[PDB]
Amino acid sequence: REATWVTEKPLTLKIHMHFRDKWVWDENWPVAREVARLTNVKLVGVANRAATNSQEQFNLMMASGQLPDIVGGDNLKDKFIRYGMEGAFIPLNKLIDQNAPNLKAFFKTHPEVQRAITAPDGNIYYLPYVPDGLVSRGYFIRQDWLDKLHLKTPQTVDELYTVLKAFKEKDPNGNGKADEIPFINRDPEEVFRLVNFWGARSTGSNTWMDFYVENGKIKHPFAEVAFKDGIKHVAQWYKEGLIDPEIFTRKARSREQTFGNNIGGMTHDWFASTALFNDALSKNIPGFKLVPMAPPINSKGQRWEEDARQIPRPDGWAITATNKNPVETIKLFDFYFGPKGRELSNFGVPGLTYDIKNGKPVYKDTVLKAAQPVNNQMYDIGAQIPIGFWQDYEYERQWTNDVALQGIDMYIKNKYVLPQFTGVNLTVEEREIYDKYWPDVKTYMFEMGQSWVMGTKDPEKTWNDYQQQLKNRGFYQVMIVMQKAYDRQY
């Protein structure tokens, strides 16, 4: 028996958690095993290991006529709210109030987090992934390639074009082959963010393809004429091979591949893990220096960093109506928001990945000096996963090197980060329109975006058809309710 036990009799529950198109909940995870030891509740995964579409797996689960006890994963906020109000997920308000002291204390000190996760009916249907930190992504460029080609740090988009063209054509890796790929990215959606260079938005927040506000008006980036004009330039850069031809396909290991083989010249990605490649490749590629770069002055005369950490993220977990032990489940959920539970969900397992030194969790040298970024190492053992948990920036600080730290400091000091969209408060009937049309519109917008970038569709020629399709698919009905909710709030 332990003092942290939430049940005397051992309990096993079924969890469907497919996340980030790559992972599922693993009961064999060191973190999962330690939480199970401490709480006396074991979670067994029921999601499909083979699948590469997390959203599709949720949809199949909901249509399968049989629900597990817990459902977790990334980008499930809208689905948690929709199916919560339908009765598939249970409200947590009373359960938290009666059984979850840690969450109660958290929500009163973080009222904006409670607001962001609350449904239009007043119910909380899930607990969120709560990130910790301020900045997220920044631009990184190969300083050693700039120096080798005797080029200055590009200050404008036009200067950047010249630099990326030189990366492609002037053989900076010195192997006599045109193998260089100037701009690479882990995230296909970052190719859309390049429209920032031409004064167009791609998203209002860390959530992909999110709305934004300009002059008291709700706008969606993909519906704006600025995007039409901006994506033409992105398409041109793709055409000329300045953007990774595989930007839509390469994905997760883009940096390991392109930086590791000394072909990648630039990216836009998280400071800590991106700067880590300087250390990992220090001997394999002598002189490898990937440095933070201020965003280039765009066509609107400004230096935009569009991305920032989003607190909370639209990720987390919920309790189903089929769960026979909702009290034990909410108590397990609450363990994660206490000191020990928070430490495990961030750092891993004590004596394995970290040690308590002077009362502080300190990562082992084997973790810090490893080839893999620490967050990747955490995923492998069940930490830093998009369950209901509270991230602790102290975990991140420990593997944020001086190059990363100084880049973060530059971005904070110079205020590059654009004001982020914090959402609007929809009513139940407004949310019905939102849930009916928006997911399918977003999928269509992505498809059109990819087509424009790859040149299979001409953005100028197809814009009228695209706008007609947006209307036919209900996008403008969504826009009406979004503005209606904004005007009511502000």
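Positions refer to the first chain, counted from 1. What changes on going to the form deposited in another entry:
- For the motion between the two forms, which is treated as two rigid parts shifting against each other, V113 and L344 share a part.
- Two rigid parts make up the chain, and between the two forms the smaller of them rotates against the larger by 39 degrees on C-alpha superposition.
The form deposited in another entry is what I want next, because the block you gave corresponds to the form deposited in one PDB entry; please supply it.
No partners, no molecules, just the chain.
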């Protein structure tokens, strides 16, 4: 008997949750048992641990003809809505308004999150995983090279050009050869992001080549004339050797390869993992210092950080039509948005993974010092999982190094991160058009982008034929769909 109990009579419900192509809900998790006793609702997992693909598992369940009481997982937003509109998942609007104080309070302060999870009919069919902290990537530069060469931190695009050229020509690594590669990136798509330096967008969100909104109008970065002008500049820098000539092929281990071999001078990547190269290289390469840099003022007079975390994520859980206890269930869901529920779902269980010190959750030293990443230690006990929960950045701050936090706090403070596109939820008919043409158009745009950057094709001479292919491949039909959907949802 707890003050937090959502029912006096103990309840057991079946949950089908498969995620990250490897994990499932485990009723034996310390976090699951804690929530169970605090709410009086226990969840039993019915998902398959042998599965290689989470989406396939959801499909088999939906097709089986039978349904559990709750369904959760990653990348299920579109399925929650499609099946929600067919009655498989119940709408949560009224249940929340009447039984979930924590959620309605949350939604009042986060109206954009509610808008992002709303289906074409106005119903909420699931609760999302809501990450905390918008800052994701940022620019990093070799401070030791700026120092060796007596250069000031570049404040504008042209000043940055001057710096990268010095890195290229003035032998900062001191081996007497011009082996330096000024800008490197493990993600080829980041070369497209450089058009930001000339006031052009490359994507509306963390998803590569995504649409963005400007004054209520949907636009795609790669179809804009501004992209044409901007990619010419990126192409010029590539021609001059300022960008890794292998930018489209090096990939995954680019940072290890280039910074490791002491030839990389700058990148744009996630603060935490990038800042850790200092730990690895501080001694190996005497004087090595890779540090966060504010984005330079672009050709339109603005400092842009186009990337940010997707908030909310297209992950979460929903209540099925077969669930005989919808009210008790929504109250369970609500528990996760209140203080205790939020603490547990973020940090684990007191005495096992953390302790409450002066009213605040602090990870145990063995947790912070373990070889296994904190994220994985949390998944192991039922925390940081893709159910409907409200992430707390404090948990991540506790395992992010100082160089990273110094840069993150600078980006937050100076407001460089641009407003993100949280996406639109489509109707079945709109989806059919999107799925038929978009995949191929996206592929084509990338191939064209690469050709222009590498100087294989000329943006000026091929722009019209490019736009013709866009029309022919259905780009504008997709654009019609997106705008209708945007107007309806926002």
